[PDB]
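J.: Please model the complete structure; the sequences and the hints are all you need to start from.
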Amino acid sequence: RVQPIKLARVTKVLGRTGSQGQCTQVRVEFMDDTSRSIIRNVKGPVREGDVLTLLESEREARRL
Amino acid sequence: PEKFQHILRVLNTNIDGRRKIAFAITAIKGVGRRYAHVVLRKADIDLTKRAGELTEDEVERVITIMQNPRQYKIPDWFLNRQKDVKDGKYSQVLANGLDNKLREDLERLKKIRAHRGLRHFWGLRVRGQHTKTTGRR
Amino acid sequence: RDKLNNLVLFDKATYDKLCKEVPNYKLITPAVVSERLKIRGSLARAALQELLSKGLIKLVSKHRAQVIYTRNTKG
Amino acid sequence: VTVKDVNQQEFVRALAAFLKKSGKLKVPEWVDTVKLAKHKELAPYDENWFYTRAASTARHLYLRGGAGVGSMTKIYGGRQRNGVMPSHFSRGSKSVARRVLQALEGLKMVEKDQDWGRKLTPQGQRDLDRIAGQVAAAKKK
Amino acid sequence: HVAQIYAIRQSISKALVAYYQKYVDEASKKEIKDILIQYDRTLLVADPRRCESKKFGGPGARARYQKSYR
Amino acid sequence: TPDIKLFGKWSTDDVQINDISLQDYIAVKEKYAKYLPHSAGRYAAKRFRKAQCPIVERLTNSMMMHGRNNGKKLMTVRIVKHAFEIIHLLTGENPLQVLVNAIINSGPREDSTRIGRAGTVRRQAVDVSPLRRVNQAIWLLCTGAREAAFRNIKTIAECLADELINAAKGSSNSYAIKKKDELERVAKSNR
RNA sequence: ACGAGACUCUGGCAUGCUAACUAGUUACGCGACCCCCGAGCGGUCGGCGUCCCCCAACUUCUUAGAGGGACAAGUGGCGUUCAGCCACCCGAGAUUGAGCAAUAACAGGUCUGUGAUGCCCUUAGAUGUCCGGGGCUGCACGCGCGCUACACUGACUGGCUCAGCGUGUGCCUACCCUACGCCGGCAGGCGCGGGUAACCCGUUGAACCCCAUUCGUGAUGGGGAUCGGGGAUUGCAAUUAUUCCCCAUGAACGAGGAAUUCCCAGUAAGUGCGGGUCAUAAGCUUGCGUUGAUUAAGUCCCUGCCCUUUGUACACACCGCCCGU
Numbered sequence: 005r006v007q008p009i010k011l012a013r014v015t016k017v018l019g020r021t022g023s024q025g026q027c028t029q030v031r032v033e034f035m036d037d038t039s040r041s042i043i044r045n046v047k048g049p050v051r052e053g054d055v056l057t058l059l060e061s062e063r064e065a066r067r068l
Numbered sequence: 006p007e008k009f010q011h012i013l014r015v016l017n018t019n020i021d022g023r024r025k026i027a028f029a030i031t032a033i034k035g036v037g038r039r040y041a042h043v044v045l046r047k048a049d050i051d052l053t054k055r056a057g058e059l060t061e062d063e064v065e066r067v068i069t070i071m072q073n074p075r076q077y078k079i080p081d082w083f084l085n086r087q088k089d090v091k092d093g094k095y096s097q098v099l100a101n102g103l104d105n106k107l108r109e110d111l112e113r114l115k116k117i118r119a120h121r122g123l124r125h126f127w128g129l130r131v132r133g134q135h136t137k138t139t140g141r142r
Numbered sequence: 041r042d043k044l045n046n047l048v049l050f051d052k053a054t055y056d057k058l059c060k061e062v063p064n065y066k067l068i069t070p071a072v073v074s075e076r077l078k079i080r081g082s083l084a085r086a087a088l089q090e091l092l093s094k095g096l097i098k099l100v101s102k103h104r105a106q107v108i109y110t111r112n113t114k115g
Numbered sequence: 004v005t006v007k008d009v010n011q012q013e014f015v016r017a018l019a020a021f022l023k024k025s026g027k028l029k030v031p032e033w034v035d036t037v038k039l040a041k042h043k044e045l046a047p048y049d050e051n052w053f054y055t056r057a058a059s060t061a062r063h064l065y066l067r068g069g070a071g072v073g074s075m076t077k078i079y080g081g082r083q084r085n086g087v088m089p090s091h092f093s094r095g096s097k098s099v100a101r102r103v104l105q106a107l108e109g110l111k112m113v114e115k116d117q118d119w120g121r122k123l124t125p126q127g128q129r130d131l132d133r134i135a136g137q138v139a140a141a142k143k144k
Numbered sequence: 103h104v105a106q107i108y109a110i111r112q113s114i115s116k117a118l119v120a121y122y123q124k125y126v127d128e129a130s131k132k133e134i135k136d137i138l139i140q141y142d143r144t145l146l147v148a149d150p151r152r153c154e155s156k157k158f159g160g161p162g163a164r165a166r167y168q169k170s171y172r
Numbered sequence: 014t015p016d017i018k019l020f021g022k023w024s025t026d027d028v029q030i031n032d033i034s035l036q037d038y039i040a041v042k043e044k045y046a047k048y049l050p051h052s053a054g055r056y057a058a059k060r061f062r063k064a065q066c067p068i069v070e071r072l073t074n075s076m077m078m079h080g081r082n083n084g085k086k087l088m089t090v091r092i093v094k095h096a097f098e099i100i101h102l103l104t105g106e107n108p109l110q111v112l113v114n115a116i117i118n119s120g121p122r123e124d125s126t127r128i129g130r131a132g133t134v135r136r137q138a139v140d141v142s143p144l145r146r147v148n149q150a151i152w153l154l155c156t157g158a159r160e161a162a163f164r165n166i167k168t169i170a171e172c173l174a175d176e177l178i179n180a181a182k183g184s185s186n187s188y189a190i191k192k193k194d195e196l197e198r199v200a201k202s203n204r
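Heads up: the protein sequence lines correspond to chains f3, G5, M3, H5, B3 and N3, in order. To convert, note that position 9 of the first sequence is 13 in the authors' numbering; the numbers rise steadily by one, no gaps. To convert, note that position 103 of the second sequence is 108 in the authors' numbering; the numbers rise steadily by one, no gaps. To convert, note that position 47 of the third sequence is 87 in the authors' numbering; the numbers rise steadily by one, no gaps. To convert, note that position 120 of the fourth sequence is 123 in the authors' numbering; the numbers rise steadily by one, no gaps. To convert, note that position 64 of the fifth sequence is 166 in the authors' numbering; the numbers rise steadily by one, no gaps. To convert, note that position 140 of the sixth sequence is 153 in the authors' numbering; the numbers rise steadily by one, no gaps.
Do not take every clue at face value.
[Said to hold, decoys possible] Once the Cα atoms are required to be at most 20 Å apart in a straight line, the calculated SDA-like pairs of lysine to any residue come out as:
| id | chain 1 | residue 1 | chain 2 | residue 2 |
| --- | --- | --- | --- | --- |
| 1 | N3 | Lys167 | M3 | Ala105 |
| 2 | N3 | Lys94 | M3 | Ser101 |
| 3 | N3 | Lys94 | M3 | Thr110 |
| 4 | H5 | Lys38 | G5 | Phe83 |
| 5 | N3 | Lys167 | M3 | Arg104 |
| 6 | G5 | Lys25 | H5 | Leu45 |
| 7 | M3 | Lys102 | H5 | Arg16 |
| 8 | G5 | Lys34 | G5 | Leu99 |
| 9 | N3 | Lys42 | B3 | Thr144 |
| 10 | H5 | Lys43 | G5 | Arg46 |
| 11 | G5 | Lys47 | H5 | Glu32 |
| 12 | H5 | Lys38 | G5 | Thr31 |
| 13 | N3 | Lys18 | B3 | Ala117 |
| 14 | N3 | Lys85 | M3 | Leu49 |
| 15 | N3 | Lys44 | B3 | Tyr141 |
| 16 | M3 | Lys98 | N3 | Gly105 |
| 17 | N3 | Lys59 | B3 | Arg143 |
| 18 | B3 | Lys135 | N3 | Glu43 |
| 19 | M3 | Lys102 | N3 | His101 |
| 20 | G5 | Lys54 | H5 | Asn51 |
| 21 | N3 | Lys94 | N3 | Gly105 |
| 22 | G5 | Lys25 | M3 | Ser101 |
| 23 | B3 | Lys132 | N3 | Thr14 |
[To be verified] For each label pair, taking beta carbons as the anchor points, the in silico distance ranges come out as:
| id | chain 1 | residue 1 | chain 2 | residue 2 | range |
| --- | --- | --- | --- | --- | --- |
| 24 | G5 | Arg23 | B3 | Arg172 | 54 to 62 Å |
| 25 | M3 | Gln89 | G5 | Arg23 | 15 to 23 Å |
| 26 | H5 | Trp52 | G5 | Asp21 | 48 to 56 Å |
| 27 | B3 | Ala165 | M3 | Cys59 | 42 to 50 Å |
| 28 | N3 | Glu160 | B3 | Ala163 | 55 to 63 Å |
| 29 | f3 | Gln7 | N3 | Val199 | 13 to 21 Å |
| 30 | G5 | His120 | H5 | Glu114 | 29 to 37 Å |
| 31 | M3 | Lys114 | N3 | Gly21 | 22 to 30 Å |
[What the hints assert, rightly or not] If you want the ones that stay clear, here's a sample from chain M3, every Cβ over 12 Å from chain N3, calculated:
| id | residue |
| --- | --- |
| 32 | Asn46 |
| 33 | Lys52 |
| 34 | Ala53 |
| 35 | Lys57 |
| 36 | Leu58 |
| 37 | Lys60 |
| 38 | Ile68 |
| 39 | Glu90 |
| 40 | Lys94 |
Source of the hints: derived by calculation from the structure; they are not laboratory data. By construction, the Cβ of each residue, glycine as well, lies at the ideal position given by its N, Cα and C atoms.
T.: Here's what the structure looks like:
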């Protein structure tokens, strides 16, 4: 088990649905390697271009 | 300091030797927080000594003072048995001798067949409350 | 439930038990004393009042709900 | 200095020293057994509270004069916890309050001024400001 | 008690804000005002928020007594 | 912008953040640092007006809870200021550095949110934005403090200080950090 | 054309306006009065619990009249580039809260509000009225709105200081609000001096909260039910205890299952105060102010609503209809 814990920036907020409006999709980029723009859902307020903490980067978590 | 005069007996009623003297006295029936707090004043005792402090030489004052309130200029309005339909003895009362009075006075209602006793004979509410919802424990 | 047996007196053994140890505590409050010992705060607040008089423990803040004391700058 | 530049909570304690030093105003025969109000459940722990109570009411006369029994009973009030029912406001004792004022009369501290309201004599003010010169001289915030 | 404090901390400030204009230079306002505003807005601007009325139904403005269901 | 940033008792400066993900929200020099923690009442207007209060101020606001205590702020101000003296005694460094490294150490990196995954509304592990991670811990640590001091003899400035000082070196000991992993642990258990 | 919106009231702020002994004045004159009450020998200073007539200065606060003010206006994004939205300096940024409220109805409540009333009942052994004593409150039970807590951020005790709506006396009718002095621990009492009220209550000098002592996790002093004895009040009558005071007994309860309600800003939530009922008076309700958050800026997942497209064997309309031993 390697432990890749990646920091990341959103670019734009996509939508805010999935259970009751709780979650929120974004297309977060990484800040430090302008690399895979993983589109993942987060729960809570999301500013414009705000930093983000992230355990595993390999979901894509899109419209399931 | 040393354990000198902790848990003891008086008026056949235990005394919580650990606590303060003021509320330890209240462990007896017929005495409350205030009646305790005044007799301590009239015996001229510092409240800030636990019960394991001062020996019998001081409580010997309290036991007699408590038994007879009137003799030490105790305002009679503290006393819980004033102008009773018994012999008009104006005195604070004490351990189970007091509950005898409670049995007596209730019996007085039940010996004459009055209203209040007639309800105590059943054990329901006597002060004229309701039992629509309350009355069940 | 179970008692805590926080006693209402001293015994000349527990007292000197206190006298060496605590002035090296960075945290000297009535709460931590009664956690360490099986004693009520009333004695400990008084015992700290006793000990404060000697000069072995110094004052940071004496407040209605809590008081704070520290080490005597032993080193 | 003046009373309006010093700590009031310690000031009343300071004057509680003075009336112990004079020690001749009066101490009522009932100080043992009264309650100081109709809402409290237990008389004060300090038995020498008359030096304290008379320190307050005399002090309050320095700031809102013309006060009789009422304006001294109104200040002495708090929750009147009827227990199950909600609490309320309940004024302090009447007689205990006036006996302070009469006792101050004997000491000539206060007087009944025009409008029938207790005020303070120009010698009476001297005592109140004098002790202020002592607490102030021994305490800087 | 707290209301008075939030008054005196404003009145004193707006006193000196108003003082320096009438007999001292306008810049003496701005060297002070900007240092005042960039610390706290309220020391210059009064708190507009004030308690609102109460409606029947609810001990407060917008709470409600519960509803009973058979 | 006064002569220097100071509490009059502690000093604000040199309080560092160990994440790039919590600045702009862990506010210790927004443009300043207030001498005394107590609001002006402006805040809570827009969804990100809540990230301009000092972190100490918001923690002051979250100590009021569970009935009898509600609405009494000056009582908390007393607790918080005392609680920082206690932390500075046990461990040293400015309790802001203790609190900062503590409030970081109690917010989960993840949560398990309901969403459609398997026909019925399942739970898919999700990610938590920075605001929800500071907000979770701040009310999570109060929960430990309120629970801890509910029946102990310990003074509140003791238990809150004792609880926070665990977190800055969090080792599965402080109630908040005990939960923090357990929030992640269950989150990683279902995906 | 109706409803919405538009309108009325309310809150914000206007160092501008006409004004104020029943308001502020308070800035002042320091016209005086007082304490060495302190740096100050002392004055000037700081204070007054104070004292003034108007021949002082007015209106910031106090009050309320006209005003005035905010309108997607300024700028930038997004938009079929129309309607409009998002963000920002400015500032009350269009956003305080209500009142008001259409079409068609319900066999929704009210004949116990009415000299508003149809019919029936009854009218002298009255179902009319008046009087007496009771009952509407009774206890193995289950219910629905609520106050109290279960405690140490707490309780007991002392000091401390702050509020806003109103309200208050002779009415076809019987008693109002209460300073101030004495008696009484208190609950209360006796002379009494104001008010038909910006005038005296009341500069409403309220509470939780602010600072000290005691209690020490223990059904403890948390809790204040129950029961006995006493002491006063209003009234023709308090007993089935009108209230209130005092001593005293000190129980149930260790933060509460299934369920379920209320809320998004000075709102939740805590504490206290008015009005209403009221001769005696609130655990209720109608209002006022103080202390002051966490959690949202969103979605139809649940209970529900509006419009459109489709389906029906429903039409007192799914609480429908309807099939067979």
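J.: Hint by hint, note whether the structure agrees.
T.: Hints versus structure:
{"no.": "1", "hint": "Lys167 (chain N3) / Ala105 (chain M3)", "result": "holds, 11 Å"}
{"no.": "2", "hint": "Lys94 (chain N3) / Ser101 (chain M3)", "result": "holds, 11 Å"}
{"no.": "3", "hint": "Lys94 (chain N3) / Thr110 (chain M3)", "result": "holds, 17 Å"}
{"no.": "4", "hint": "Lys38 (chain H5) / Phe83 (chain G5)", "result": "holds, 12 Å"}
{"no.": "5", "hint": "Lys167 (chain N3) / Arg104 (chain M3)", "result": "holds, 14 Å"}
{"no.": "6", "hint": "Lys25 (chain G5) / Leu45 (chain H5)", "result": "holds, 16 Å"}
{"no.": "7", "hint": "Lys102 (chain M3) / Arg16 (chain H5)", "result": "holds, 18 Å"}
{"no.": "8", "hint": "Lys34 (chain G5) / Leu99 (chain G5)", "result": "holds, 6 Å"}
{"no.": "9", "hint": "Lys42 (chain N3) / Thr144 (chain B3)", "result": "holds, 19 Å"}
{"no.": "10", "hint": "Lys43 (chain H5) / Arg46 (chain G5)", "result": "holds, 19 Å"}
{"no.": "11", "hint": "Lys47 (chain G5) / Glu32 (chain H5)", "result": "holds, 12 Å"}
{"no.": "12", "hint": "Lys38 (chain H5) / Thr31 (chain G5)", "result": "holds, 19 Å"}
{"no.": "13", "hint": "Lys18 (chain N3) / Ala117 (chain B3)", "result": "violated, 25 Å"}
{"no.": "14", "hint": "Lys85 (chain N3) / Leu49 (chain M3)", "result": "violated, 37 Å"}
{"no.": "15", "hint": "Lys44 (chain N3) / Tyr141 (chain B3)", "result": "holds, 8 Å"}
{"no.": "16", "hint": "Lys98 (chain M3) / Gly105 (chain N3)", "result": "holds, 18 Å"}
{"no.": "17", "hint": "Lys59 (chain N3) / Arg143 (chain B3)", "result": "holds, 17 Å"}
{"no.": "18", "hint": "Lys135 (chain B3) / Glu43 (chain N3)", "result": "holds, 19 Å"}
{"no.": "19", "hint": "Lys102 (chain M3) / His101 (chain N3)", "result": "holds, 17 Å"}
{"no.": "20", "hint": "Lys54 (chain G5) / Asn51 (chain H5)", "result": "holds, 18 Å"}
{"no.": "21", "hint": "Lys94 (chain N3) / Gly105 (chain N3)", "result": "holds, 15 Å"}
{"no.": "22", "hint": "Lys25 (chain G5) / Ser101 (chain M3)", "result": "violated, 28 Å"}
{"no.": "23", "hint": "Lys132 (chain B3) / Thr14 (chain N3)", "result": "holds, 14 Å"}
{"no.": "24", "hint": "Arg23 (chain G5) / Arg172 (chain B3): 54 to 62 Å", "result": "holds, 55 Å"}
{"no.": "25", "hint": "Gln89 (chain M3) / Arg23 (chain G5): 15 to 23 Å", "result": "holds, 20 Å"}
{"no.": "26", "hint": "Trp52 (chain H5) / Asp21 (chain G5): 48 to 56 Å", "result": "violated, 28 Å"}
{"no.": "27", "hint": "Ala165 (chain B3) / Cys59 (chain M3): 42 to 50 Å", "result": "violated, 57 Å"}
{"no.": "28", "hint": "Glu160 (chain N3) / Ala163 (chain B3): 55 to 63 Å", "result": "violated, 32 Å"}
{"no.": "29", "hint": "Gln7 (chain f3) / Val199 (chain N3): 13 to 21 Å", "result": "holds, 19 Å"}
{"no.": "30", "hint": "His120 (chain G5) / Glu114 (chain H5): 29 to 37 Å", "result": "violated, 57 Å"}
{"no.": "31", "hint": "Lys114 (chain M3) / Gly21 (chain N3): 22 to 30 Å", "result": "holds, 29 Å"}
{"no.": "32", "hint": "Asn46", "result": "violated, 9 Å"}
{"no.": "33", "hint": "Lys52", "result": "holds, 25 Å"}
{"no.": "34", "hint": "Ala53", "result": "holds, 23 Å"}
{"no.": "35", "hint": "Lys57", "result": "holds, 19 Å"}
{"no.": "36", "hint": "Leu58", "result": "holds, 17 Å"}
{"no.": "37", "hint": "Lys60", "result": "holds, 20 Å"}
{"no.": "38", "hint": "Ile68", "result": "violated, 9 Å"}
{"no.": "39", "hint": "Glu90", "result": "holds, 19 Å"}
{"no.": "40", "hint": "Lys94", "result": "holds, 21 Å"}
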